[PDB]
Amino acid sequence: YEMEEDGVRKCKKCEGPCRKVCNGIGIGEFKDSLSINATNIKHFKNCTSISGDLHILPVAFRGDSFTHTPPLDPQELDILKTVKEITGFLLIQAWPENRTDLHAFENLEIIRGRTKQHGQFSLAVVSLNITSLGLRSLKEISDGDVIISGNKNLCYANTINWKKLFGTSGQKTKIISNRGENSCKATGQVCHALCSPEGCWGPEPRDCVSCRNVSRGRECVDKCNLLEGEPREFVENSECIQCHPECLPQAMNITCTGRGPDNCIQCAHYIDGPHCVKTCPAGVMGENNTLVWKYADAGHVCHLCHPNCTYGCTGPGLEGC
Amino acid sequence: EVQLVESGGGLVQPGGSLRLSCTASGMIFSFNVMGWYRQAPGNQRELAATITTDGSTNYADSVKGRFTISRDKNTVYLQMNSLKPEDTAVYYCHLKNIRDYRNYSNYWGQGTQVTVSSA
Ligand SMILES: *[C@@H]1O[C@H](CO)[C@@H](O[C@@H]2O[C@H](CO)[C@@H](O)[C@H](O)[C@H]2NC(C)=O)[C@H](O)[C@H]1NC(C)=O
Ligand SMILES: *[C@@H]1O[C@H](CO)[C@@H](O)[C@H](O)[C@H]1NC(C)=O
């Protein structure tokens, strides 16, 4: 069952992790912490939402002797993969040089920016050796201004249309002093052919803001397999969606119009009413229970049998049993 | 080929009841299934209840126990009892003219709006 406790409608219905709101940097468990560090990163495990802000300062990666905190292992930034919401801001002034993008925040979806850095910024990425932002799932920056600056070899960030992610008027953007626009196109670091003129977070097809044609999975392709293909499919909300295994692959034309085994064009084995099946019902029940048997005629359409023939049948009438 | 004319629909209050009816005139074959599909805001269209000439019925799991599909010749009736907000949708009459397992055709009505609401 599924019900609501403390403002969240939660149970083990959940796909993936159950939603869990955690505190930001400077409040609560993280009081007096200047940044995400090696001792407090544990307390973000399995968090999906963050009430408040998130700082990743350089202090984090060199350690600190005054507070006896060791430096942070770059590998332990994957703790942040489950986070999908930040009510405050996201400020990054330090990131491992080993790592080329912010793929620890790949599943981040929304920055509410109810509290803003200084007085204006909800997203702040400054002074990193990253080559691409990599915020693939970022769909809304609700209040603050965006500053991405000083990232000497960062590309792609200018392709993004930042007004299509905003939520309030007066919301500006400061993209400044990253890698050169001409230098990015010259090195081949430009949005993939399959992206649309909205931008991208990186080079690969799964990094587009949106797709020019269609999407299969979270990847972003050209054609959906409508007329040809191995697991050919149909298009629903600009998305390739598989076609029920029990519908015969029809050549030259579309093979179905919906997900179910009913709304395809021709069945691959037999038919029971609206649905295409592989086996006519032989011992299915309902209520006022009686086991209903069904025989397939010469044209492989299943019809039910004379009710009194309860131990199976092959022919119609009384003759089968 | 085949046309379908629908009657019924309307709004009710939660827990109330409605009757839907659809009668089909045309080139109708001997083995065929008739019934209703439905689409709520803003989901996909899904089967609600389809009875066949053979009598055997199919229901969505959401509606079993509350919906009753019945057939006389080439007209079908749907008794919708114990109606819930989730049932608010457009209901499409339907007919699947079945010759063979590789040969059938689908016809749809215009669509009847059913809403339930404390208003
Ligand atoms: C690293 O994280 C730890 C734990 O959140 C912080 O340690 C706190 O520091 C304040 C002031 O130094 C103390 O009053 C608390 O008792 C400490 N808590 C714990 C659990 O040790 C530390 O401040 C953080 N360091 C940085 C540089 O952010
Ligand atoms: C985090 O989530 C995983 C889910 O696989 C669970 O097994 C683990 O116990 C959780 N750890 C916590 C809640 O500290």
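What we label the rigid core is the largest C-alpha set whose atoms superpose within 1.5 Å from one form to the other. Positions refer to the first chain, counted from 1. What changes on going to the form solved without the partner chain:
- Once the two forms are fitted on their rigid core, between these two forms the CA displacement reaches 2 Å or more only for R232 among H103, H192, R232, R114.
- In a rigid-core overlay of the protein, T168 has its C-alpha displaced by under 2 Å between these two forms.
- Core-superposed comparison between these two forms: the C-alpha position of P58 differs by less than 2 Å.
- The two forms, fitted on the rigid core, differ between these two forms by less than 2 Å at the CA of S35.
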The other form holds:
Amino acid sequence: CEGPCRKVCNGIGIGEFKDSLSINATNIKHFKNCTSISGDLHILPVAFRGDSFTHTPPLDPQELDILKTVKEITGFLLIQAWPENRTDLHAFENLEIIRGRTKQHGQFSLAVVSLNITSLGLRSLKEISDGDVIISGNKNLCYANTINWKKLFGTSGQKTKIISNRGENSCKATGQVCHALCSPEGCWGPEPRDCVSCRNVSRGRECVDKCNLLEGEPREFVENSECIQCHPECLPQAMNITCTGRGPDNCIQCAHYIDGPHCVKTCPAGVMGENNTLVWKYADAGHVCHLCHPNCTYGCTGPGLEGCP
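Could you give the coordinates for the form solved without the partner chain, as opposed to the form deposited with the partner chain bound above?
We keep it simple here and write out only the one chain, dropping partners and molecules.
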């Protein structure tokens, strides 16, 4: 189900969250397993102080991790407070898209103000469909200058206000710069898994120097600059590559047996065929699979009736 299944939850101010100022200790659990937010998210200081007027205890920082399943927010994301023990927004490390159909002050779709974080860490963020971005007053925040926000924007006129964060020179002098394996499009943090996009190729969500084409385990092939694992029936080749693509039909050399174009662990024994009959096969000396005698309804080890005594 592509990780967590698609679960749409209401934003702050709608439905079960009507008349709520902020994500807070009472309502955070109602975002459990949400993947899309129909509305806005607000995270304010009160969330972490507690609020006696609304019978709200202080929010436990660990529970912010409940937001790790959020992939989409259709409105805006406003973060004006964050736990002191958290150097980034890894709660939102899986957020992919902010659509910005509603905007703070009718302007901003992402706003990150007055935090102590040292990086943003929105490592999955790829699109801010509409609305401006504001990142200001984050006195320890680096890396924000490196993003080419145009790669995320999809509307004319979108703009960033990135100001009063840690100084550029200061960030460079303390080594807070994009990893060498990042492309020039910038980064969300110092790690190779924080790149907006890769210099060379990626493996999962990490940027790397090269796929395992001729050495290394497991062997891989390159699919649109991504390292994709080779099928395990493909025998690794000391000289050659091992695959031309995915599946057991794209091996250079099969590892166990050969059923036509398929490399396979064991010759088929009972699979379904084109007919009211099951397909039974056996392996010869050269580990090629061959149909068994038709009268061999429970399989075979060699050709002929002798194969099914």
